[PDB]
Amino acid sequence: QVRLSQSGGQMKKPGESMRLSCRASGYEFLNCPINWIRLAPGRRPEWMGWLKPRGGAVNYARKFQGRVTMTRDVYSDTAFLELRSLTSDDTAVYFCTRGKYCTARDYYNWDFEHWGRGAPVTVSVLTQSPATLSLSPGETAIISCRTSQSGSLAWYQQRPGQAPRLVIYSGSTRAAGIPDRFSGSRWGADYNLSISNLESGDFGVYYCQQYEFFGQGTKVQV
Amino acid sequence: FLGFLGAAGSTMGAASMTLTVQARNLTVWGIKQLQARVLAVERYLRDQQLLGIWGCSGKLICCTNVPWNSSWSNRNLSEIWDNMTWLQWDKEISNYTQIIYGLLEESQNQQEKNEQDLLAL
Amino acid sequence: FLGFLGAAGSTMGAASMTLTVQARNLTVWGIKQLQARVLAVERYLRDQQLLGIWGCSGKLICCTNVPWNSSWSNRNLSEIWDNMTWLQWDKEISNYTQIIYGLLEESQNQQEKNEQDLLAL
Amino acid sequence: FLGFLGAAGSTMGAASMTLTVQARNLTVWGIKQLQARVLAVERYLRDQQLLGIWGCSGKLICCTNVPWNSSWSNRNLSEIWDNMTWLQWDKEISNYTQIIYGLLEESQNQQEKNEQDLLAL
Amino acid sequence: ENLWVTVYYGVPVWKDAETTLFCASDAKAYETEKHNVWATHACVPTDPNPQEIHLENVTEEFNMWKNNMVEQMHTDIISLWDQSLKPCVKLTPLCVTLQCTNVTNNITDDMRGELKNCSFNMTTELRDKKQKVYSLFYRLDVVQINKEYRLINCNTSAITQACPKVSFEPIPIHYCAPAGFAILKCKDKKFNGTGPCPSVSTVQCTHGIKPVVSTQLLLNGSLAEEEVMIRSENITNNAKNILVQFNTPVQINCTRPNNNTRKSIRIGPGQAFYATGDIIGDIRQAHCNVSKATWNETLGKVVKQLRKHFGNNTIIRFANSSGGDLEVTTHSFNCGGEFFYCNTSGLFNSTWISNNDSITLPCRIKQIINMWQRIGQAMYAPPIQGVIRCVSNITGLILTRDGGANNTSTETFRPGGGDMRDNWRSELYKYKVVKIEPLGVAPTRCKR
Amino acid sequence: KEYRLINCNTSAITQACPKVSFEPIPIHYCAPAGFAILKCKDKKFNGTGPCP
Amino acid sequence: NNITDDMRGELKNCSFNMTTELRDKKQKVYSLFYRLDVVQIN
Ligand SMILES: *[C@@H]1O[C@H](CO)[C@@H](O[C@@H]2O[C@H](CO)[C@@H](O[C@@H]3O[C@H](CO[C@H]4O[C@H](CO[C@H]5O[C@H](CO)[C@@H](O)[C@H](O)[C@@H]5O[C@H]5O[C@H](CO)[C@@H](O)[C@H](O)[C@@H]5O)[C@@H](O)[C@H](O[C@H]5O[C@H](CO)[C@@H](O)[C@H](O)[C@@H]5O[C@H]5O[C@H](CO)[C@@H](O)[C@H](O)[C@@H]5O)[C@@H]4O)[C@@H](O)[C@H](O[C@H]4O[C@H](CO)[C@@H](O)[C@H](O)[C@@H]4O[C@H]4O[C@H](CO)[C@@H](O)[C@H](O)[C@@H]4O[C@H]4O[C@H](CO)[C@@H](O)[C@H](O)[C@@H]4O)[C@@H]3O)[C@H](O)[C@H]2NC(C)=O)[C@H](O)[C@H]1NC(C)=O
Ligand SMILES: *[C@@H]1O[C@H](CO)[C@@H](O[C@@H]2O[C@H](CO)[C@@H](O[C@@H]3O[C@H](CO[C@H]4O[C@H](CO[C@H]5O[C@H](CO)[C@@H](O)[C@H](O)[C@@H]5O[C@H]5O[C@H](CO)[C@@H](O)[C@H](O)[C@@H]5O)[C@@H](O)[C@H](O[C@H]5O[C@H](CO)[C@@H](O)[C@H](O)[C@@H]5O[C@H]5O[C@H](CO)[C@@H](O)[C@H](O)[C@@H]5O)[C@@H]4O)[C@@H](O)[C@H](O[C@H]4O[C@H](CO)[C@@H](O)[C@H](O)[C@@H]4O[C@H]4O[C@H](CO)[C@@H](O)[C@H](O)[C@@H]4O[C@H]4O[C@H](CO)[C@@H](O)[C@H](O)[C@@H]4O)[C@@H]3O)[C@H](O)[C@H]2NC(C)=O)[C@H](O)[C@H]1NC(C)=O
Ligand SMILES: *[C@@H]1O[C@H](CO)[C@@H](O[C@@H]2O[C@H](CO)[C@@H](O[C@@H]3O[C@H](CO[C@H]4O[C@H](CO)[C@@H](O)[C@H](O)[C@@H]4O)[C@@H](O)[C@H](O[C@H]4O[C@H](CO)[C@@H](O)[C@H](O)[C@@H]4O)[C@@H]3O)[C@H](O)[C@H]2NC(C)=O)[C@H](O)[C@H]1NC(C)=O
Ligand SMILES: *[C@@H]1O[C@H](CO)[C@@H](O[C@@H]2O[C@H](CO)[C@@H](O[C@@H]3O[C@H](CO[C@H]4O[C@H](CO)[C@@H](O)[C@H](O)[C@@H]4O)[C@@H](O)[C@H](O[C@H]4O[C@H](CO)[C@@H](O)[C@H](O)[C@@H]4O)[C@@H]3O)[C@H](O)[C@H]2NC(C)=O)[C@H](O)[C@H]1NC(C)=O
Ligand SMILES: *[C@@H]1O[C@H](CO)[C@@H](O[C@@H]2O[C@H](CO)[C@@H](O[C@@H]3O[C@H](CO[C@H]4O[C@H](CO)[C@@H](O)[C@H](O)[C@@H]4O)[C@@H](O)[C@H](O[C@H]4O[C@H](CO)[C@@H](O)[C@H](O)[C@@H]4O)[C@@H]3O)[C@H](O)[C@H]2NC(C)=O)[C@H](O)[C@H]1NC(C)=O
Ligand SMILES: *[C@@H]1O[C@H](CO)[C@@H](O[C@@H]2O[C@H](CO)[C@@H](O[C@@H]3O[C@H](CO)[C@@H](O)[C@H](O[C@H]4O[C@H](CO)[C@@H](O)[C@H](O)[C@@H]4O)[C@@H]3O)[C@H](O)[C@H]2NC(C)=O)[C@H](O)[C@H]1NC(C)=O
Ligand SMILES: *[C@@H]1O[C@H](CO)[C@@H](O[C@@H]2O[C@H](CO)[C@@H](O[C@@H]3O[C@H](CO)[C@@H](O)[C@H](O[C@H]4O[C@H](CO)[C@@H](O)[C@H](O)[C@@H]4O)[C@@H]3O)[C@H](O)[C@H]2NC(C)=O)[C@H](O)[C@H]1NC(C)=O
Ligand SMILES: *[C@@H]1O[C@H](CO)[C@@H](O[C@@H]2O[C@H](CO)[C@@H](O)[C@H](O)[C@H]2NC(C)=O)[C@H](O)[C@H]1NC(C)=O
Ligand SMILES: *[C@@H]1O[C@H](CO)[C@@H](O)[C@H](O)[C@H]1NC(C)=O
Ligand SMILES: *[C@@H]1O[C@H](CO)[C@@H](O)[C@H](O)[C@H]1NC(C)=O
Ligand SMILES: *[C@@H]1O[C@H](CO)[C@@H](O)[C@H](O)[C@H]1NC(C)=O
Ligand SMILES: *[C@@H]1O[C@H](CO)[C@@H](O)[C@H](O)[C@H]1NC(C)=O
Ligand SMILES: *[C@@H]1O[C@H](CO)[C@@H](O)[C@H](O)[C@H]1NC(C)=O
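Chains as they are written, first to last, in the numbering used here: chain B, 6 to 227; chain H, 5 to 125; chain R, 5 to 125; chain X, 5 to 125; chain P, 11 to 458; chain G, 3 to 54; chain L, 76 to 117.
Check the hints yourself; a few may be wrong.
Derived contacts from chain L toward chain P, CB cut-off under 7 Å, selection only [as the list claims (entries may be wrong)]: (1) 85; (2) 96; (3) 97; (4) 98.
If you are wondering where the hints come from, they were derived from the structure by calculation, not from laboratory data.
Cβ coordinates follow ideal geometry from the N, Cα and C atoms, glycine included.
Go ahead and model the full structure; you've got the sequences and the hints to work with.
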């Protein structure tokens, strides 16, 4: 089975540098790229960059260029990350992710079916609505996301204190282990995630995604 | 002549004017071609065996005593040979190809030549 | 239908009811299948070549102008097709198979089509 | 009979008496025979494919509706079949072999069977 | 009035499929001595007269990103690289301690050595006697431990020397399909690489495709027809590489100033190692020149095409490679047998807003390589006598786009192309494999 | 006096197995289907040209 | 272990020289082998 094993979290001071590792197992390392994404509480998710295990090729975000360094060890199947000149803005939970579709022929990076456990680090478009959603068990939750670019969109669920799980990809297709209760729909630039017959496990925070861009998030609580 | 696959975009009737042209041509790294040219004659004889078991054997064209079922895309005589390409045609009848094959090979030359068996005894 | 080799234990006349069904289907360790599937089509074309040189070419069944010699297990018409299997039959005529083959391939289509050669000159 | 290629030095008419006999037989170092016996059946089916596309399919002999051009070594009927060998003959017509082939495969069974297509519509 | 079924054999009916393609090369490729230049020897000679048939009225959908010819060509060259190195000299007893020093020069200290004069023990023809011989190696080829050095590949894999008889020079290669199959070719002026094609033609063998191994720059590539072409599986996806095809070729000149000496030390009994001897002349570094004018116009023609997908009024910036393995970050290629790695910080140093000399680039040389991310196989490129000069065509790029933009609405592009399958997609975008199914039934008023 | 193997600056060396034998065996060379081998049966065929 | 002597060892803790990545340096490493895998001489 595909498993991403991350190193634990840490507390750093401003000005210092930080490093994280992520050991992949359960698949051929060279097949598909690994991504690094930071999650800050009550903030839009930020994609930092990806690394191809192939020739160690990488592509970062504008924001991090010159500060961030991604490498890998093909032999131990381990991906490494470094970020310099740490400032309070850097504080967030850092994840390593892998797309769902990843064969020898080709891949699709941005359907993140696999997530590491995450590393909490403290140093000291897509319009999603509604912000919050207070509903009772049994009711139906309708989360919306407006795009402007179009392209395979995904839905994720985050439980309190757990790593986000892929719920839906391509706007209408369910992931593995996802019951019929979750369903996706699309009309123009608008995207809707519908969860029927709410239960304890469903509650948390949900994110819409189009490639490296994420929504502001929708917290669904009991 | 328009060469190999010449009248592919032409109607099936016009594509019947170019039937013979497409049947005519049809240490490692050296095994790359051997394993392929073996599958080539196997793909050929698979077609020739099917062509033999039916009321054909003689290639190109042949008649059969099988009635065209209307459920198999009910089109007219003039609506097929003068308003449709073979590529467009095979796409519709693709669903019923395996069915028709069974009626040509079994119902026909197994019962048709058996007629002669009753005449030979 | 009774599938491949269905009427093997049936009489030759009844086994004539299922002739088309048996002709239809008919790094190392990967070469194991290659050397085999080559002999398969060679065994096929050995049979089709013999079927072609004779007064047949057209598969399944065909007539020939060769009189049945009584020494080849003199049986009656109703004693063969309604009281004997192909397996049991081939076992008796096995002795004369190589002989009959020579009379079909040489005496017939070499002299029969040559009739047309004298008519063609 | 005179065996394989028996009447090679005999006249073409006399060599027509022995047509069936020559069509009948027709870790490394073990691949030496495999790569060869693959080319053998490709050489066979190339000849049978040409024999099929023409007005023949049925082997040995067949008629065609193609007029003999006088430029192709204008000989008489009795000056060919009774005064010339196949080896001596093929040497003269070798120049026009590729030409005649085009007239048999294209001009004939592409237009001849198409006649029936106009009769089938 | 009632129709009857009729079997037709030899109908223009094909379906998309995958088969085993074989090779084809021109006669002059065999005629040139070559000795060994890839496995081209077993290859079938190319048909002297080209055969092509324009399919009128036919519209077929192509997909360069779902093409199997790329995957087959990739594994073919990979297996070829192994077969070319199997009967070659294996350098197992070359992992001896290297007592190295700087080369004979007069250096301030900013030259950082680069070249090392290593002395070491070696096995001769006889078992009993050691051999104290010296050689010359690049800094990228050696690594010091705990001055004593060692080969860089010692905790990676084993090593085998490329034979001096063989050559890595690209040869035009034609890929063909067996009987029962055919290859379709798009002949459009502006086919951006996916979807339906208006003017489709059929071929048995593709045009001469030289398997040039390169990254970032499509060195010895091929041209486009009208406007420069941009192909991407997903343009909105910045994780997918963007293959660029030029209309006008960019003339570039790459040279190796260091005229070298081959030293043929005998490991024995019949096996001989080739070591770089002393340099004769001056110590200079390899470099590549790009006509500034040609490059300025070419970049300016590309940026005008990029706007057509990222907004008419936007800013396009070019920045160097972000990081990674030395081969991907630099322009990787082969020339005259040696493997260069050039600094492309002088080509992607631009900023395009609202739409007389050569550009020289610092080039390094490695003899120990491990391309295709090969495991268990390291090849040592033997030294080459004489100054190496090569003149080639830059006809394409492999760019990558930075993500998490959102706000600025601007795009920055950096050179990539780590995977080598993209190098083949730049030539196989127009070709695809189909199988012929000549058996088609059709109804008509025909009974027996 | 110190010596060495004569093949040391020529090539490597491999020992012939004691199981194998180099004794000549009668070998018949044959052609596959579609081909044939011609044989001259003349008393005095000096090796080139036409054969009666 | 703590053995009376009826256990007959069975498992052996062997130490030996070994060739490293480099030609020059020997390697003094130890392993574990079954008695059925080894045989003493003299
Ligand atoms: C190269 O080459 C290549 C090839 O070869 C190419 O490619 C290309 O690309 C492009 C780009 O990328 C593309 O385009 C795109 O497309 C897409 C698709 O298309 C298709 O489809 C359509 C529809 O859609 C839908 O449906 C389908 C099915 O049917 C599906 O599949 C899809 O997905 C979708 O779905 C959805 O929806 C539905 C409903 O509707 C639902 O149900 C679901 O669920 C989902 O949701 C169609 O339509 C089309 O067709 C068309 O077109 C044609 C031509 O072409 C024609 O003929 C036809 O007829 C049609 O038309 C129509 O329509 C139109 C519209 O569209 C109109 O206008 C008119 O009038 C008519 O009516 C096809 O088939 C699409 O989607 C897109 O679109 C979009 O986008 C654009 C931009 O990009 C824009 O402009 C537009 O407008 C649109 O937008 C819109 O929408 C969106 C959504 O989608 C949103 O977001 C936005 O916002 C907007 O909204 C609006 O609208 C809506 C609707 O109406 C409404 O509701 C609202 O309210 C608003 O108003 C695009 O277009 C293409 O495709 C391709 N191609 C291929 C072949 O592939 C390229 O291009 C080249 N290159 C160069 C350079 O050249
Ligand atoms: C084994 O086996 C094998 C096989 O199998 C064999 O082989 C053989 O060998 C041999 C030896 O080696 C040989 O022989 C030789 O031959 C040669 C050739 O022949 C041929 O030819 C001829 C002619 O010649 C020419 O021509 C051609 C074409 O046509 C060419 O190719 C050549 O090269 C030449 O050319 C030249 O010349 C021309 C003019 O003529 C010019 O134009 C050019 O340019 C150049 O220069 C012919 O003729 C022949 O034929 C013949 O023969 C036959 C039989 O055989 C007959 O049938 C015929 O008919 C003929 O005859 C005729 O002729 C004769 C003469 O010849 C006369 O006599 C008579 O009568 C008639 O007319 C062929 O085809 C040759 O050449 C040679 O000859 C020579 O030599 C010899 C010695 O060796 C001598 O004897 C002779 O006589 C001669 O001599 C001469 O000549 C020379 C030159 O050549 C000179 O040098 C000298 O000096 C002399 O002179 C003279 O003459 C001249 C002329 O006439 C005059 O002019 C002057 O003045 C003088 O007088 C030889 O013979 C062969 O061939 C082979 N074969 C095969 C098949 O290959 C072997 O033998 C075996 N072995 C055993 C042991 O057995
Ligand atoms: C690619 O696809 C295009 C369009 O789909 C094809 O073009 C059509 O071709 C067909 C023939 O297959 C055409 O049909 C024939 O048109 C002939 C020409 O028309 C004449 O008269 C008009 C009016 O005066 C003028 O344009 C001009 O003077 C022409 O000379 C007619 O003569 C034909 O009628 C005769 O032939 C038929 C048999 O086909 C007989 O049964 C009739 O009795 C009569 O004697 C016929 O109508 C058609 O017009 C074309 N255009 C279309 C459909 O728009 C290409 O042929 C095709 N190419 C390939 C390679 O597939
Ligand atoms: C395996 O082997 C067994 C035994 O060897 C075979 O069984 C024999 O099958 C044959 C058919 O091939 C039988 O012969 C036929 O029997 C029919 C049934 O008999 C009817 O009447 C009797 C008496 O009332 C009842 O048992 C019952 O009502 C039956 O309905 C007859 O109807 C047949 O006669 C008709 O058909 C023939 C053509 O076959 C015509 O020419 C006649 O004019 C007539 O219309 C016929 O007699 C035989 O009886 C079976 N038993 C034996 C030989 O002991 C299996 O068939 C065989 N299976 C396989 C798969 O090989
Ligand atoms: C190798 O090459 C040689 C020479 O080229 C060939 O020998 C020639 O063979 C042909 C037959 O193909 C011979 O032609 C025939 O000769 C027969 C014998 O002649 C009889 O009469 C004469 C005179 O009395 C005597 O020699 C003797 O009594 C013979 O009995 C004729 O009988 C033939 O005529 C009859 O047959 C023809 C059909 O061929 C009928 O149309 C006639 O009406 C008639 O009934 C005929 O003439 C020829 O004579 C031979 N010698 C030559 C040409 O010089 C070899 O046959 C050849 N061998 C091989 C294996 O290819
Ligand atoms: C061998 O290598 C040594 C390196 O140690 C080298 O000696 C060096 O020469 C350079 C100049 O070539 C010296 O750098 C000088 O530094 C002083 C300041 O301390 C500057 O004023 C000098 O500037 C002048 O020279 C420049 C050179 O072109 C001019 O461009 C400029 O306009 C001025 O005229 C100059 O930068 C350096 O100090 C020495 N170093 C030592 C240790 O002597 C030597 O020349 C090399 N010889 C050979 C044969 O290769
Ligand atoms: C390490 O291994 C040593 C082996 O030398 C072991 O010490 C041995 O213990 C056994 C018992 O466990 C002793 O055997 C005894 O022999 C006397 C006669 O001399 C018997 O009377 C004893 O019988 C009693 O114990 C039995 C064992 O359970 C009972 O079943 C029985 O009912 C009696 O109560 C017993 O058989 C042996 O003499 C010693 N040997 C030495 C050298 O001391 C030691 O226990 C092991 N320790 C560990 C931690 O493994
Ligand atoms: C690369 O080298 C080629 C030749 O090796 C250069 O082409 C030459 O250009 C000069 C003009 O400066 C002409 O006089 C020569 O005749 C040309 N040579 C040939 C063979 O055509 C080219 O200019 C060089 N370009 C760069 C960027 O270095
Ligand atoms: C990306 O490409 C795939 C297939 O190449 C296509 O299905 C998909 O629609 C594309 N996405 C966008 C946003 O164009
Ligand atoms: C024709 O197809 C229909 C299904 O649409 C089927 O019910 C019918 O039996 C077919 N006709 C024959 C003669 O089998
Ligand atoms: C063939 O069957 C499939 C489903 O089995 C159907 O979607 C398709 O429309 C059918 N083809 C035609 C021409 O109706
Ligand atoms: C029939 O067989 C006998 C052998 O028992 C044989 O003598 C006889 O010649 C054969 N009949 C014919 C026409 O050959
Ligand atoms: C016969 O051959 C001549 C060449 O000598 C050629 O001109 C003529 O057209 C040919 N006959 C036919 C019917 O083509």
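If you check each hint against the structure, which ones fail? 1
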